[PDB]
Amino acid sequence: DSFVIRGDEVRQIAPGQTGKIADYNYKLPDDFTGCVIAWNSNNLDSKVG
Amino acid sequence: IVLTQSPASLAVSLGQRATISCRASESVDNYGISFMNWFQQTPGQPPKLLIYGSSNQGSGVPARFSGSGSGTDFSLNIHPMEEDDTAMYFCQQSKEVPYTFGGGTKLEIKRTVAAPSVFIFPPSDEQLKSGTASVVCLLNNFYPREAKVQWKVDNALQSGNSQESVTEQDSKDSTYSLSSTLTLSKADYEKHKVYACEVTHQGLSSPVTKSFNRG
Amino acid sequence: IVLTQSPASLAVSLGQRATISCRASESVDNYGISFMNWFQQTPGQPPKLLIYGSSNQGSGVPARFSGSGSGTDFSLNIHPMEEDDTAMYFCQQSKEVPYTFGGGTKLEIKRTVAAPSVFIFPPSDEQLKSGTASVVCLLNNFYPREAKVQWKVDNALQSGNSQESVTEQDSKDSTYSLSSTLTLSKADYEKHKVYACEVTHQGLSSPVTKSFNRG
Amino acid sequence: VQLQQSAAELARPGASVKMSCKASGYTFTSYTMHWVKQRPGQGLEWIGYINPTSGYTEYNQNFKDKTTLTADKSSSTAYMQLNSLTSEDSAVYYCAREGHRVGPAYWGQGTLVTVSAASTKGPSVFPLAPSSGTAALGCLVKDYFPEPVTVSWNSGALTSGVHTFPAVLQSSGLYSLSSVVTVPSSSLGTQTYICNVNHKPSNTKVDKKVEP
Amino acid sequence: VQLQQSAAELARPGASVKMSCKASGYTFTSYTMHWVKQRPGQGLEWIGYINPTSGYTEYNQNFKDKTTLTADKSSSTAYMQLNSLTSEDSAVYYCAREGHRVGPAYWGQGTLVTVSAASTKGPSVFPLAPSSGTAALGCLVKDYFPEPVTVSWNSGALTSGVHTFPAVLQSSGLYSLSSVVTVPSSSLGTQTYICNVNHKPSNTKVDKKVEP
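Residue numbers (the authors' numbering), protein chains in the order written: chain B, 398 to 446; chain E, 22 to 236; chain G, 22 to 236; chain F, 21 to 152, 158 to 237; chain D, 21 to 152, 158 to 237.
A portion of the hints provided could be inaccurate.
Derived pair list, reagent style BS3-like, types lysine-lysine, alpha-carbon separation capped at 27 Å [said to hold, decoys possible]: (1) F:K234 x G:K69; (2) D:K42 x E:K69; (3) E:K69 x B:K424; (4) E:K173 x F:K84; (5) G:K116 x F:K86; (6) G:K116 x G:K131.
In case anyone wonders, no lab produced these hints; they're calculated from the structure.
The task is simple: from the sequences and hints, build the whole structure.
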């Protein structure tokens, strides 16, 4: 599952988390036998304005 | 790991069971042992270690405090509730690098519901000369904390101009006290006549109004 | 809710940090998000949305504009402030049904204090034929806008008889222009000889008086 | 998202005025329409909003009695009805579209309401001559209705040092303004200066020479 | 195990504060040192920790930029440096040592850091006279900075029924509190009551009498 999120809310991508993104956009199950990878993309996805 | 704690304020009579439940987003368990710790902080004092690990008791901790639970559910139990046990209690996790504390829980003793003693005070003339006038509403010897102080200036609802202060529980009376101050400019204060404080509380059948006219 | 807009009139040079602060009577935070808005209105143009929500920027809004704050305390910041930012800014709430706008701030470009160009205009003869006489006091290219203009007719102060006009800041000169008109009937106008305009301003060490004799 | 309005509504106190706001660039049925009052050089106050699909109107407590809102989805426009106009009601009114959780998000130009019992009157312009480096002269335009008046110098050939101060409304209900120019004292006796005053509502074009 | 800290550091916004934690009763070379923040009447936030033996410092993600942690094993002390202070940073900081597998196990007293622009201001005290059973009166202390202010009645001769409410921060940057007391109705016309207020940072000792 690939997407773009705000820098702060990466802490909400985890089992048993709460917040706008976790509880409304992308909710991750409690078990989640898997991995989460996040990296900065300010150079790629940010344009002037 | 975000920690979610059971109700912030607990009211139990002396000698009764006090249970504080703290839940963790991930499992605090690691290397077999549990890293879920319980801290106590008396106001005006640094936090004190009560329970290191899930159940092991810290140094100089009476037998009253007991820790239980595992995984993502933990509990702190105080059956012989004592007057000294009034403090703020935190649940903390030590499994991961960011040590996260709980929302905190304040323990207060329960007593019989008491009718608040309502009072109002107009500003002093010396204060009026200063171009600023503060009217005071006083609530003395009331329990519990739940109380609403409403300002009626010429039967008009005021908001965003009143500051409320609550004292800690009394050592002997064990009742809260509150003071709500409305601050205004002298020209604005002297443009109105009737000033009323409305007190909404559990122990009153109806809210109690205390009103006076200026001068 | 009543919105108070601290400083509502500021002058800043190019490239300077400018802060306009808004305070609300009641909390405007609802559903987690903030419902506070910042609008920009250039002269002769409808207001344009700068900042919808506490921080989110509107369409076609340069990154210079920023919004911050929480609860009831909010701020608008323009650090790389530049030319066409001279406009009137509003802080507005959307939490409750009655939408309320702030006082508004005229953000103006600063320049060093200058000495006003003071000159006087006697009433025209064709005007005197029509039974009216208007004497004008002209202040050209002075900064800031704060200035005191007093009419002196035979060493007498006149009030409730003068009309004041001030133009907008020049794009290049960045200095104000000011005009005071004192109007009288012909019979009262000829009843006195010495007519003077006295100006007090920061760029003047002492008030400057320009006087003329009728005829 | 283009919003278009009417222009320059003038009325005597006690009448009624209808404002029309056309909308384009959006379906006009998915976004409520807000009306905002602004006295000139003053703050803004929200009047009320209307829902296009269902004529659900909400008004400010102050403007509930004197304001009516209607919506025409057939022609994709909104109408404001003001009754019993008074001197306070003279102001610029805006129609705006809801967006970004803002009530008045997208604003459309603006329509001016002038409430006054006066009638069309021609301006009178007077040469404010220089008093007997650089000196100042100009013209005074008084007793006209309504604003605005186009003021120029030498048919626009004199632009340096031109300050046309905004008009001020008088107790009589008429307007007064002044247009001043600074010129070197050398050109007082040589160069000719004329102020041009144009007031279309009365169709008054005056060219006044200024001399010392 | 004894940990000693600095006392009530006060700084204007933007300043930098270097803060010390002396350790005694243990080696200090075999136990790491953690720093934790607590806003008044709030929860606890872990700032970060240092290894005294090897200068490996790791901070919380939120406080990584603003805070620098160092150690001085010669004097057995830990130092925390806060740069670019804000109004949010005003809080009580604690230095703790590791123990019982707990991160911040053994804490040392606690030190209050206050960030504000306004300087010291003398308290102004006004008597809350009783209104015309048990009656009430008091004193109001307004516009003072900083904490604390010690208030008593009749130089401490009246203590029962005395409620000194905690200070509240106003928008102007100062503080105000109320010291109230309830007295029997028969003592109103007989006994004089005076509130004594003491503000040591401002050297302000004021005795104000309350009368009906």
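*Which hint numbers does the structure go against, in order from smallest to largest?*
Numbers 1, 3 and 6, in rising order.
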